[PDB]
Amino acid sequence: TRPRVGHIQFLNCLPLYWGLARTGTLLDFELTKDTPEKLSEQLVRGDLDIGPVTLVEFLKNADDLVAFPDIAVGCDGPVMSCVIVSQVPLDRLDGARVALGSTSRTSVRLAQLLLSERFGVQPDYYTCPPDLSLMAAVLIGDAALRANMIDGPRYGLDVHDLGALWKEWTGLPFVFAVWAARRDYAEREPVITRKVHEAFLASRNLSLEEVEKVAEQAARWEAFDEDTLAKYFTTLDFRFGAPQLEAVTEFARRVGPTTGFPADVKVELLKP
C-alpha cells in the first residue's frame, strides 16, 4: 500500500509540491495536506508513515523517528515566513501579552528563546489561531509572509524576521522542520522509505531549477506578486547536511532542558 505522506499546506512547501507533481511522485503517495502542528502529531501517533515534522516535536520523539538527510525547511539569515509582528520595541514586553500562532511549535519556542535572551523579557504568553488582526505575536507560514510583505507595511507595524534574529545572535543558520519516517515504518518498509526519500530529493531539486515557473503559477492565485513569491522561494533553504545539523544541535542544547528532550538529544538519520 502507498505510504501515507504528510505535506505542509503553506507556500513554503508549494515549490516542493510542484516538484512532487512534475516528477509523478504524487501517484506513489497517499498524501495528506495540513498545517505543520497537525502533520507532526499525526506522524507521531501513527496516522502518517512519512512526513514533515516541526523540529521541536521531532526532538521530543527522536527515539521513535528517523530524519531524511539532505532535505529540510530552514534558512541562513532571513526566512521571511517566521516572524514577530509588534507595535512596541521587543525590549518593552516583559509583562506584555504575546500571542503565539497555534500552527507553530518550533518558531514559537525560538521566538521565546530570543525575546528572553536578546531582549531580556519574560512575556505573558498565550496561544491562539493565527490571524494578525484578532491576533505582539509570532506567526509562521502564509500568515507570517502576509504580515511581512503586506499587513506590516500597510499599517506601519514592525515585522522582525526570526531567521534573521537568530543569525544575528549566533551567526548560525536555522532548521524549522525536517522530514521523517516513523521508526517502525522505516524498519518495516526499508525499500519504500528509501524510495520516498530519494523521490523527495528529486522533487526538491526540480523545484530549485523551476522556481520561476512555480512563482508565476502561484502568483495567479496568491495575494503575493510573482517577484515576491520568486524571492521567497529562493530565500528558503531546504538543505540538510552538516552545516544545518549544526544549527539543530545548538538549538537543542539551548532549549532541550526546558522543552522535553536532552540538551544532547540524538538525531537519527535514515541510512543508505
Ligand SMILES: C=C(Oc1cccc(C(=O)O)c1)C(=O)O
The other form holds:
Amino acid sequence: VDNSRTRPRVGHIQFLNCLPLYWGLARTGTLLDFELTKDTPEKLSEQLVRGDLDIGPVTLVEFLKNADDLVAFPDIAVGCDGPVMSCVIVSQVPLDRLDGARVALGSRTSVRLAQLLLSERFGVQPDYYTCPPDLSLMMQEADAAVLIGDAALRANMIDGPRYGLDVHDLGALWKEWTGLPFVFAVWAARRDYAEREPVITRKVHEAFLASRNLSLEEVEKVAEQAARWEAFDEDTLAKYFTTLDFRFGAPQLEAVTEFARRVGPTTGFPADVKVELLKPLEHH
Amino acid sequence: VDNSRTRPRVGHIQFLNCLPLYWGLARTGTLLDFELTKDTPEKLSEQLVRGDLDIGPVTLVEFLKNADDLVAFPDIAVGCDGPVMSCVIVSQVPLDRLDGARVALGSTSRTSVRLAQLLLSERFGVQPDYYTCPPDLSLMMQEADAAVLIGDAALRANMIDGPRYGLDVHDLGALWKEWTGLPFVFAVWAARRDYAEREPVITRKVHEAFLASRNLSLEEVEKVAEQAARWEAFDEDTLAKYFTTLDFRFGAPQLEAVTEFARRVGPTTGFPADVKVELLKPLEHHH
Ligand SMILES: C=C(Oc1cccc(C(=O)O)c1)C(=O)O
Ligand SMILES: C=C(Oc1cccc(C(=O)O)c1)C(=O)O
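Show the same protein again, this time as the form solved in complex with the named molecule rather than the form deposited without the named molecule.
Every component of the complex follows; first up is the chain already shown.
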C-alpha cells in the first residue's frame, strides 16, 4: 500500500485573466507540486466546495456563500481598481433605457454586480434571462448583454468597436459609484484540507505569490507568446494583464465587505459574513 | 467569429517516466503553447488515433497498427538500453514454470504486454494462460502466478514490493537485451498525419520544443528527482537512477530495435512485419 504524501489538488481558471499566473507556476516548477485541474471559474468553485479540489480559485459570491468552510489566501486575488476590461455590459441603448427591457447574462459574481449597478445606481429593472455568451446572438434577442472572461474581453476590444456597441466596464462602473476596487475571485483552501495539511497549504500559498510576482515581471513575455493563439495582439494582452489587479490586502477586503453587504441578503449569504484568512506562521 | 489559430492538443503520459519531460515543458514555458491532456498510455493512444489529440505519445504497438495515419517524431522516445525498471514480470516462480500457469497483464499496457508474451513463448518456451486486469499487484499476486506491469506500478513492484515480499522481478528491457543485444522502444511521439499536413510548422515547433524540454530534463534531473521524491514512496536517489536509466533517444540504433520487434510480433499483433515508420523530415536550408 502506497501511503506516501499526495499532491494538493489545485484548480486554475483557464481564461486569459490567469494565463500569466499559469506561466509563473510553470516557470517556477510549482506545477510539478500540484495535481492541476483547468476549467471555468464556476466549475472550479463547485469542485472546491464539494471536495474534488483541495485548493483553488473561487468566484467571490460562491466563496461568501461557503465562507465557514473555506480559508482565503491573503495577498492574491483576481480584481481591479477601476476598469477590469473582462467584465462588461454590452448595450445597444443607454443604460437608463433598460427598465423592462431584456438583458442577457452569462453561465455568478459579475452577474450580481451588474444587476446591483443597474438597479441601485441607474435605477432600471430589466427582464433578465440566461443564455450562452454569444454577443452576436444576444444582440438580436435582447437590448443588452452581460459577458465575463475572454468573451467580455473580445466584446470590449474587438466586437464592440467593430459594430459600434457601447461597452460598459463593470469594474469602472463600480469604481465610479463607490471609489472602491473590486474583487471577482479569491484563492482558498478547504478548511478540512487547511487543517489536516497546514504546511502544504502554506507552501501552496507562498508558491502562488511567487508565481504571481514572476508573472508581473515577465508580463511582456507572456503577452508575446499568448498573442500567437488569440485574436488579441500583444499590446492588447499586455494592457489587459497589467490592468488586472491581483492584490488582496486591506483596500480589497473592504471592497469585498461592502459588496457583500449590498448583495448578501439577495444572493444567499449574510451581509456581514466573515472572511477568514490563512494566518501566516508566527516566529520566535 | 474568432478564427484565430488554436494551440495543438498534446497528450502526455501521467507516469513518472515523463515527469522530467513535464518539468522541461513547464520550465521552458512550452506548456503555454500546448493544450495538454494527462492520462495513461493506452488512453492517450486511443485519443490520438481517433482524433481527440493532434500530437502525443503512442505506445509502439498502437503506433505500428496505425503507421499509415501517424508520423513519428525523431530523436525522442520512451525506451531503454538494458533495464527499463518500469516494465517488469513479477513472478512467484521461475519463468520456465509458467507453462499453463496463470499470468495477469496490466490493462494500461499494449507494447510491454506483447513483449512479455514474445519473450515467454519464443525465448523461454512457456505458454501461460493470460488474462487482462487493472494494475493491482496485491490483487494479481493472489489470483495469478505472475503479472506484467508498466509505469509507476511496475516501478513500485521492482524497487519496493518485490524485495519486501521476496518476489522475482524480471526487467523486460533487460530480458530483451539479453535475448537480442538490442535496446527497446516502448512509446514514441507522433502527430496525426492530417494535422501534420494542415499545420507543418506548428508540428515542427512542437517537435523542436519536445527536444529542448527533454534536453533540459536531463541536465536538471537531480532537481526533478528531489522535488518529485516529496510526493512518492521512492526517494530522490531511486528517482534519479530511474530518470537516468530511461533512454529518451530515437535515432538509428533505436529504430532497428523497433524494426526487429515489429518483425517478430507483427503477424501476431495486427500489422505487417515490415511496416514502414514515417518520421517527421527536418527542414532543408539554403541560407
Ligand atoms: C477577471 C474576471 O473576473 C472574474 C473571474 C472569475 C469569475 C468571475 C465571476 O463574475 O463569476 C469574474 C473574468 O471573468 O475574466
Ligand atoms: C517505460 C515504460 O514503457 C512503456 C511506456 C508507455 C507504454 C508502455 C506499454 O506497455 O504500452 C510501456 C513504462 O511504462 O514506464
